[PDB]
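Novice: As a plain string of letters, each chain reads:
Protein chains: 2
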Amino acid sequence: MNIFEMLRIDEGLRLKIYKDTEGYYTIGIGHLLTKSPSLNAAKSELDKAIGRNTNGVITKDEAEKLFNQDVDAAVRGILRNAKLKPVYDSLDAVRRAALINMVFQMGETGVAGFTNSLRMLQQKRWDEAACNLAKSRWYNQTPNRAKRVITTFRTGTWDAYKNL
Amino acid sequence: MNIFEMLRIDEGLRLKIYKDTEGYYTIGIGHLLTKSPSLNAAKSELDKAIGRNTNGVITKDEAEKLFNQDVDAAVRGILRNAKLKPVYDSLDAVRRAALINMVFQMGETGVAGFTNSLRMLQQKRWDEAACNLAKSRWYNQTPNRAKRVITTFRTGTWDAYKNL
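Listed in order, the protein sequences are those of chains A and A'. A prime marks a further copy of an entry chain.
Counting in PDB author numbering, the final residue of the first sequence is number 164, and the numbers go up one at a time with none missing.
Counting in PDB author numbering, the final residue of the second sequence is number 164, and the numbers go up one at a time with none missing.
Hints in this document: simulated from the structure, not taken from any laboratory.
Be aware that a few hints might be false.
Identical copies go unnamed one by one, so any copy, or any two together, can satisfy a pair.
[What the hints assert, rightly or not] With a Cα cut of at most 25 Å, we get these calculated BS3-like pairs of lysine-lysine:
id : residue 1 : residue 2
1  : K147      : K124
2  : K124      : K162
3  : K65       : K16
4  : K65       : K19
Could you put the whole structure together from the sequences, leaning on the hints where they help?
Specialist: Put into C-alpha cells, the structure is as follows:
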C-alpha cells in the first residue's frame, strides 16, 4: 500500500475535469486547476501540468503525477507551519500519510486546529490520539474517512484499506 | 489462548496460600478460601475443594480447577444480574472472557457500574466502548490490566496477551 492508493480511496479519482462543491475546476484526486470560471483556463493549466493538449481528459498515471506534486506541496506546507512541523517530523511514514490525508481534506489551517490530538500523536500516545479524534466534528461530518485515517494513526499500518 | 491463561497473566497465579489486601486467605488465581482468620480453616476449605490433604500447597492443574469453578460462579453471577446478562449474552466468547476478567477484578457490582460502556458493547460499538472505558477510574487505577482487557473488547481477539 501507499499514500496514492489511500487518497484514491478516501478522496476519489476523476479522469475528467469537474467542478468541486464551491464550483472550481478540479480533476484527478481533488486537484484544483484554476479558480477562474473559464473551462478553457482550467484546460490550459491542466495542459501545462501534464504536457499534452488534454482537452480536460487524463489517464490514471497523469492523475498520479498531479497527485505527487500535490503531496510535495502539502509536505512543504506542513514544514513551513510551526503547528504541524513538529508532529510531522516525529511521525513514521505511514502516520505522516494519515496527516497529509487530513491536509488534503481540510487544509493546513483545518489540521493545525487539532492541537491536543497532534500533541498526543507527537507523544506517540496512539490510542489516546485516536479516541480524541473520534470525538471531533470532523469525525461526525465524514465518519468513514475519519475512521480509516484514525485507524492509520492508531496502528501505523494500512489495515483500514485492506478490503477497499 | 483461553481465559485461564488471560487471568493467569492479569491476576497472577500463586501455588501457596497467601492473604489478599484485606487479609483474607487466598490461593490460585485470587481464589478466596475463607473469610476466617484461621489458617487451618483456610486449609480445610482448600482440602475439600481439591480432594487432598494439601497443607496449603497446590499444583497449577489444581489452581486451574479452582479457577474453572470460579469462572462457572462468575458466569452464574452474571446470568442472575439484570444489568450484566443482556451484554454477556450478546458477546462472542473472547469478549465474554474480557467481561469475566473485569468481574474477577472488581466484582459484579463493580462491573454493573459501567452502564454506558456495557450498552456500547451490547451495540457492538467496539471502538466507542474502548475509548469510553479508557476514560474510567478503573483504567487510571490499573492501566496495564485495563488496557489489555479493553484491547480484548475492542478487537475480540487475544492479541493483547501475545507476548506475555
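Novice: Now tell me if each hint is right for this structure.
Specialist: Results for each hint:
no. : hint         : result
1   : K147 to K124 : both (18 Å within a copy, 16 Å between copies)
2   : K124 to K162 : both (24 Å within a copy, 21 Å between copies)
3   : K65 to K16   : within (15 Å within a copy, 69 Å between copies)
4   : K65 to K19   : within (20 Å within a copy, 69 Å between copies)
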